[PDB]
Amino acid sequence: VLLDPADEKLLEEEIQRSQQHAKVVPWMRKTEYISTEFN
Amino acid sequence: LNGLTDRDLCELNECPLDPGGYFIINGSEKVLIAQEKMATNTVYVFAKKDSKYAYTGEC
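Residue numbers (our numbering), protein chains in the order written: chain W, 221 to 259; chain L, 317 to 375.
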């Protein structure tokens, strides 16, 4: 049986947006949690 | 507690974040507040108004 990925994508009707949480910004950073071992 | 690891401090029921630097006297954490003073061995010249002295070289 034949199953091309180009045919696999045409089986769906519409599945395929923004990523603006990830944007690099020098006045903003990330976060830090509680490990068990540290300094 | 000197150099003692976080594991061991927790085993001692101590806090690895606790800074130290205080005494325990009869169970009370007592800090010695750093007391400011005039520097020793150093000459200082002051004018003390309301006195017979125009200038005073303290040491």
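One or more hints might be untrue.
Said to hold, decoys possible - The calculated label-pair distances, taken between Cβ atoms and stated as ranges, are:
| hint | chain 1 | residue 1 | chain 2 | residue 2 | range |
| --- | --- | --- | --- | --- | --- |
| 1 | L | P335 | W | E252 | 41 to 47 Å |
| 2 | W | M248 | L | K346 | 38 to 44 Å |
| 3 | L | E374 | W | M248 | 52 to 58 Å |
| 4 | W | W247 | L | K346 | 21 to 27 Å |
| 5 | W | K243 | L | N318 | 44 to 50 Å |
| 6 | L | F362 | W | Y253 | 53 to 59 Å |
| 7 | L | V361 | W | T256 | 57 to 63 Å |
Hints listed in this document are in silico derivations from the structure and should not be mistaken for laboratory results. Cβ coordinates follow ideal geometry from the N, Cα and C atoms, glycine included.
- Task: Against the structure, test the hints numbered earlier, and report the numbers of the ones violated in rising order.
- Result: 1, 4
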